[PDB]
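Below you'll find only one chain, the form deposited without the named molecule, shown as structure tokens.
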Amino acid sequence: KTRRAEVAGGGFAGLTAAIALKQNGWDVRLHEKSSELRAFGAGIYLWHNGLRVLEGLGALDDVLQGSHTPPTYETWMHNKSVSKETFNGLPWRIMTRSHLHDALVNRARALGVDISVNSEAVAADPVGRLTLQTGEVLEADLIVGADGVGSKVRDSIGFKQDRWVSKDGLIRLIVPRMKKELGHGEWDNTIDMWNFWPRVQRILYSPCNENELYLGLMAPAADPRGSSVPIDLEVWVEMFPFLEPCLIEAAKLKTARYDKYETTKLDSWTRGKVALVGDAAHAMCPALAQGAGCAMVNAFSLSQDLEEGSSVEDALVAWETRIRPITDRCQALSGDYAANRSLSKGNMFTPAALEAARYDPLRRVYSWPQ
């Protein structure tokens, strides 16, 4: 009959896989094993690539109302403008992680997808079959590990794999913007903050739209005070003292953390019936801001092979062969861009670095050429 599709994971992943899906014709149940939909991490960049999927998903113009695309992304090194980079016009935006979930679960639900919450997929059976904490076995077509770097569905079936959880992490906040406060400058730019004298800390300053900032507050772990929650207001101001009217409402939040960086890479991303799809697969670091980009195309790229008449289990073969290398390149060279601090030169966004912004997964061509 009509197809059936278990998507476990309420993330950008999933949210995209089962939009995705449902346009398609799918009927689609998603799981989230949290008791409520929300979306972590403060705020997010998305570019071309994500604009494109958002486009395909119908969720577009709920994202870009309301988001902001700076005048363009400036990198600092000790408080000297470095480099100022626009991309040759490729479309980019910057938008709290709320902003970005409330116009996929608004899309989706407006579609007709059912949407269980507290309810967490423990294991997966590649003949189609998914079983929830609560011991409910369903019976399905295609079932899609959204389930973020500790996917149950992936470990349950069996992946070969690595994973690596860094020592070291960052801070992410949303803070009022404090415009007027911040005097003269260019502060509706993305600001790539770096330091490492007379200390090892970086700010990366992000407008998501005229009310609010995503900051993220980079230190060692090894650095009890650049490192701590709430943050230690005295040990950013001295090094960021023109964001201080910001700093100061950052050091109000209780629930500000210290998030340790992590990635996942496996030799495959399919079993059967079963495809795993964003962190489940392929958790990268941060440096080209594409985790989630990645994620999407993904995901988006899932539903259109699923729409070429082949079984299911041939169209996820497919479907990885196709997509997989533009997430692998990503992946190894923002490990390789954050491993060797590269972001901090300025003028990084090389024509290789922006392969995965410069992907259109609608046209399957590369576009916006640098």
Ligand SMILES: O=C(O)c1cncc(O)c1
Contents of the next structure:
Number of protein chains: 4
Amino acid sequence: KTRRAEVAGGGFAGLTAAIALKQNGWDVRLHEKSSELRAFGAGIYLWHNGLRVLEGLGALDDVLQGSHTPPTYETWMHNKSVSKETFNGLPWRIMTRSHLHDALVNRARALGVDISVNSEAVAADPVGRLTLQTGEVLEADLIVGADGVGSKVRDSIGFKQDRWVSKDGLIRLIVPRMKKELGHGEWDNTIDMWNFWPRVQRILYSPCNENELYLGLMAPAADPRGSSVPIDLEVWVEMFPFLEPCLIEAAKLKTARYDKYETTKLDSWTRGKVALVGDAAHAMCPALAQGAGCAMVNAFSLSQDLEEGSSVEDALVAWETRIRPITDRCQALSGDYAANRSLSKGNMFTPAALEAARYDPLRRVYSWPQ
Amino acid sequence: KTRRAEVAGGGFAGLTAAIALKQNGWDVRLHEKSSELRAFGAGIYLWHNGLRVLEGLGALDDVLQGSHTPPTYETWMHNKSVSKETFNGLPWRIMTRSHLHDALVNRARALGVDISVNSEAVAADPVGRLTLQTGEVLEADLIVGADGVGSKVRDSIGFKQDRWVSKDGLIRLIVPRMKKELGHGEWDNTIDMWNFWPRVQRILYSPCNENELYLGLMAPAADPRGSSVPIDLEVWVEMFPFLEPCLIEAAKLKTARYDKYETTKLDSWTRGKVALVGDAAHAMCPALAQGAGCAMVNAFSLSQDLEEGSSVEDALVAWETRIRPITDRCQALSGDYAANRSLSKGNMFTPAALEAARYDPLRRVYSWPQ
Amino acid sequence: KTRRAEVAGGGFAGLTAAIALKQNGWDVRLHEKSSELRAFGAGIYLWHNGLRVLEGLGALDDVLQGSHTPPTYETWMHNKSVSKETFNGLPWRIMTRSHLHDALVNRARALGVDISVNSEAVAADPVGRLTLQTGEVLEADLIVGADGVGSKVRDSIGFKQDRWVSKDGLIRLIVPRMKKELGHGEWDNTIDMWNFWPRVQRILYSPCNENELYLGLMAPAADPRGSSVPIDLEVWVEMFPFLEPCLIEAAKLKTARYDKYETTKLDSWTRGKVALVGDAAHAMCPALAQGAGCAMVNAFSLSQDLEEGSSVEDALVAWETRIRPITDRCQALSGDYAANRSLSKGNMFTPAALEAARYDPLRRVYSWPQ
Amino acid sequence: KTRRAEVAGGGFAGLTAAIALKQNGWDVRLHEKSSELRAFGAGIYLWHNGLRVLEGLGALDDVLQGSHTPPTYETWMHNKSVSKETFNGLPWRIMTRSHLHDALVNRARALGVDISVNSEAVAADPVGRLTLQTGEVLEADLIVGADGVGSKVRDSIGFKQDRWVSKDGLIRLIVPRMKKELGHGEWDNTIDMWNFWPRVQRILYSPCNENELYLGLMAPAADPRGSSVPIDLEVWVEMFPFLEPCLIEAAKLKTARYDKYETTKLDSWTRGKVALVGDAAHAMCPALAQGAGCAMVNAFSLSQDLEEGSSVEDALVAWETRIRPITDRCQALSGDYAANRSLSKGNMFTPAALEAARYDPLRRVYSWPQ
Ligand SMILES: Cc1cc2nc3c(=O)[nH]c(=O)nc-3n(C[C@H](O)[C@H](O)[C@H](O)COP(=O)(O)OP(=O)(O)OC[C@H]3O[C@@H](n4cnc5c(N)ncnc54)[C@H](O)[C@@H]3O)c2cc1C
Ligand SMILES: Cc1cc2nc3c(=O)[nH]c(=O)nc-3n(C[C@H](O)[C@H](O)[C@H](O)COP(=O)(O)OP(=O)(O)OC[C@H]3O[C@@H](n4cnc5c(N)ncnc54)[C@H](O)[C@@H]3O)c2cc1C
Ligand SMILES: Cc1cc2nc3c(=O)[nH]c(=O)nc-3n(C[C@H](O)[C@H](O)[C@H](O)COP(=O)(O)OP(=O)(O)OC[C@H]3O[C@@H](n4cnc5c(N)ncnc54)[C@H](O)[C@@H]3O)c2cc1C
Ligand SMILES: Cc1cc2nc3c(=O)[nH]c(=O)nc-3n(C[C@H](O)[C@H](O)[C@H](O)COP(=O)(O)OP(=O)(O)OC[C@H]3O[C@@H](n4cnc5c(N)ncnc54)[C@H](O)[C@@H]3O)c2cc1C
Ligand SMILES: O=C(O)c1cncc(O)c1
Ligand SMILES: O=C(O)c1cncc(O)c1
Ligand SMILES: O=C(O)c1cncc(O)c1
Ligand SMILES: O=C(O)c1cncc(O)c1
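In place of the form deposited without the named molecule, output the structure of the form deposited with the named molecule bound.
Full assembly next; the chain just shown is listed first.
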């Protein structure tokens, strides 16, 4: 009578699914392809929606400890402050990726989720069979494809899809705060520092805690200096001289990567006993900082629909119908914002922009009205 | 088998108790002495702790709609900004008293709490008897004394106590925002505007929403002009000229009162089947903006302890033991702050100051670390 | 024994020459080609050097009354303040062109300078003969060619020269201050408001007094909207929205012109009894705001050299040798600044930039050290 | 035929008189009581009027080199900026006392003024006799009493007078700028930093040049800590913490003095061939920073009246009649400002306040209109 779930992928989506299912009495095993449990991307923003998932997962405490809510989300254009936004009290948080990942892994382990590394799902069958690269075939009542933009759970089954990999991208790093060295200013703020002149270069400045600063350095791929790794210190200091202390530390990082944006959209997220969650289903532009938020809401919501006494197949259909439109709208709006460079104007966290963030997955209503 | 509760007082404490008990299946009747259900005091701050009570009461949505979280809590001394505090993301909110009261009344009514007006508790018996001014004697399994600083539930039984009524006080009003007329500034902020020179006059500036502004005008009773009602417009405009548009509206209010501060502390909060909650038990100085927050946490916590399968008498003892120290510490610290004028320095919402605010009554842990 | 001077041109150079010579006992007649005595160009800056000429001319009082020294000379790039300069106390002043012109005309009249309008010099002879368009031939001991960039005194004689008329230019206007309507800011400042993005548009904001504001609206000739007269209100408000009240008034002016920059440089400024002064000799780019300053210093200096007991011919040679290098350097540096857009960086009023301004023609030394 | 002048006192008044007379062909001897030529008081402000005297004395160049005009004269009350004043371009300057004194001494020496030290005037006779402490009796056509508030030239003759020495005063010091250590701010400004709460303490912050800062630390004599010398570092840092780097240097100065304010007013300034100039005649409160300015204007004006071909006795009478009302008005207004603490309000350099500053002694008119 113990339902069995097999989860492919140990990112935020897979860990969320695994914890949520285990809390509801599922026998859960999670399979991570990589040799270690790790999260790439340097830093990450969560909002009310994702923080509520964490509360629902019993992992909120560990996350809030050692992460940061800036006093304001500030936008600059050509070094002129154009907006300061606080979202009418809507909760939000910045943290390192490792911080969020560790909290989730620790919670999954505390609950007794069986986690395997070097364990890649290479095929999934809608009847409830997952095949690993080792040739092991696992039977389950539920298969969760949380295996990222390149999901083999998805592609082994075949889902009609549009995927896009941009030519442009950015360099994401964690460096020391160097707060004193930054001198006068509001250095606890998020500051999105846009420029189009004299060149297209932007830094998203994102404090994670008293020690760690998350920087995103964005320049076009066609710019050989701005897109260089390790960073071309001179061209960054030239346009962001007020960040020189931090940029000097950034230039030391030989692990720096220029990572490209990538999106996925599918005609459906389910097939029989298989559900696709996270980037496997709905990778999106990061303008609204909701890729993981939506992934986590969707994973948590999946566990909710599986508590209705329905067949797994029916629960999965109900789940997508219920929760997908929030994600579709957020993905579309984030892509629109990215293409139009809407964030450069400031004051763009409108009620519509904040729809996903306002959703409370625990009570299934929208909170924090704007 | 339906447990019966009789609640004396229709303030925030009594309404919270009534809703929380009704949600847990108690047959609840609430008795308000006044001819109408009303809340005095103009405006009010709630923090995470109180907002979590509201969530637990199913009244959070109605409260957040039409209330305000300032971008920052700012302090001025002699018109110089000395601090801006955002509490590392700790949720907080400002609203009119009527806004909070209405949300609670509407929720109690929706749940079918029996509410009587012109119904004053004049005596309570620890065996579970409440006598109204009408001579009606009501039997119950639980009596809640939520009847304010002058609690007759408390005083009919006899509780060792120290009460204090200050000679000093303040004038609290709601006026239009007049935001455009205030011109350049950060007029969505809370701004605590202190002065000792040329006279002791202070205004706590507290936006409630896009339409309503809560002002507290504080001057010593020995100052015949600053303590006058309706307000002596000239002496307020002289020291707060930047608020003239709002003060002109304030001066129109012939309902204005100079209300005195009042505190209560008791050796215990329980006797048999009687529990004292709110100002009946623990009225405190308003420096930490936690009088109602603690009252609401205590009322909600009472309902929790009554779900343990214990006798009512034992549950009440357990309740006070569990929850009272948070209130004792907050009351003491708020009184210390008031006497030392500590808030005038700015940056005084320390981790210790925020202890009560950080408490989450739903999960019974402290959240939002500083 | 009364030396006779004939001056061609009633601009700042010619009026300065006429007053200075008349003060020294010359019989002076001045000939203005136009039907009225008028000054075009809306507004003008003078510095210490030009203010000292005015003192020497007995016209300083009338100029300082009704003109303005801003508290600072401020530069913006893309709406971000990049510098505020006060030149270590070096005197400077902004005024309407008419204000300066009127003061000079009134002083010349008070001294009994004979002024003719509709009186154009069409030929000059180094032996001391000036021919007017009327055919009148005037004999004099000194002929002053103060007849502008298109000087016929110069060109009738033949001076080796390089002249340049730019394709680009600007629209100069006087509008009401609208100070209250501009709201919060430092609206008594000079503010040089540069932009390259989203288009090349710049406004030099120059208060003249409590009533009048001098604006220079600069856009490339290749921009059909930004270079349009009367002004294309929308494209100016878009990039300078904080000046909308003033720009609305500017758009009413059907007299607005897009005037082109023009320079002149000559191998010499003298021939026999003929001296060329002002734009006739040394028109320059306006970056250092010294075209008229140098013109006035040169005209005044001419009068000084004529007091040495030398022949007029020798005095003129001595004059150019003594005073020309200040002008040559200023012209070259202003042209360099214009071409490199150096002023866009702010903090460019260096000691070298301010050399002409620092010169005191009365004492013949440099003052106001930097 | 060479007129002989004997000047008592080598302060700013006596040096000005000596230079001005020597320039006009007087045989001038100056007698300084002290063993060295020195100026006490740390720093000093001059305005247009005094700068024009310096121009008239041929000492302006040496003064402007190595002195400072702040970008603005700023006033703070309780650390809040209440005004920024630039006087519509009216020239002004801050310098060390030694800087001004040296320039004057060097000019007097260059002109061949005979200067004696350890040479005290102890008696003067209206017939033109000056007696030194050595017993030497000097005959002259003019005797100038420029010997300070305690003038023996004045008191040996007997002038009806009111003198006042205040109980209160201030500590004036020169310290290093420590500009970098002061961090963010407008540290080239004059800043008059007033406080009445928590104690009456004020600092006038006055940069003299890139190296030297003039500070005036003002507290009541009844305050044993604030009036202490060497300075009580703690009580100054407490109320001016932003000046700590400079105050630490100030506390090292064991030469610091708490000097009292002193005023003098006389029924007349002349007797026969004797003229009283400077503090000997008109010491005043320093609120308008015009004590030396008026002293210098008066000394220079004296030389002017002596060029009219009148008897010395008549010239002196004409001089006082012509020039004294400017000083009487300035003295009265400065005393009014001091007593009413008017400067604490900011924006008090009104046209009337600036009357003395606006006077141009060279042309004998008022300039720099407000
Ligand atoms: C630049 C940038 C900035 C962003 N910023 C934010 C932000 O601020 N806030 C936010 O909420 N989101 C943000 N996002 C989006 C966020 O990174 C993703 O949406 C999120 O990490 C998706 O998580 P996931 O678990 O679906 O996928 P992934 O994080 O890709 O994790 C899947 C895990 O899949 C494992 N794996 C892959 N294939 C297999 C397999 N076949 N079998 C087993 N394991 C497999 C992968 O190795 C890995 O361990 C940002 C994205 C980008 C690109
Ligand atoms: C100036 C000031 C500012 C404050 N600001 C804040 C703030 O910002 N945030 C915050 O959390 N707290 C604040 N407080 C404290 C807050 O006002 C109180 O702690 C709170 O209202 C107490 O609620 P209560 O229900 O216990 O009592 P009450 O609000 O006094 O309500 C009891 C209700 O008792 C009814 N009643 C009385 N006697 C009887 C009886 N015998 N029988 C039946 N009914 C009876 C009373 O009429 C009334 O309807 C502030 C207090 C003051 C004085
Ligand atoms: C955009 C711009 C901004 C500027 N801003 C400043 C500034 O802020 N400060 C500054 O000092 N300078 C400034 N200048 C330069 C300043 O305008 C000139 O250098 C100055 O006006 C030259 O004066 P002028 O007397 O030599 O010539 P003009 O002003 O040209 O005057 C000559 C006079 O010549 C009369 N005339 C012409 N031909 C004859 C003839 N044949 N016979 C008789 N009369 C004749 C002309 O009609 C006229 O009345 C600026 C210039 C430009 C273009
Ligand atoms: C706190 C303070 C701040 C001030 N700030 C300013 C300011 O910013 N700007 C400004 O313009 N003014 C200022 N003043 C006023 C200024 O200090 C005086 O007005 C000025 O120094 C007066 O100069 P004096 O030459 O008349 O007298 P003094 O400076 O007193 O000089 C007279 C000289 O007299 C010599 N002496 C005295 N007796 C004899 C004698 N019997 N025989 C020979 N020699 C004699 C004295 O030793 C000395 O060398 C300030 C004054 C004070 C108190
Ligand atoms: O626009 C972005 O690339 C972006 C990336 N991360 C967070 C965010 O709010 C925006
Ligand atoms: O100090 C107060 O009186 C006070 C009153 N209300 C809220 C608060 O934070 C402080
Ligand atoms: O750069 C200019 O065009 C310019 C024009 N007028 C004054 C000035 O300082 C600069
Ligand atoms: O008020 C003063 O003591 C004062 C002292 N020096 C200059 C000044 O402007 C004011």
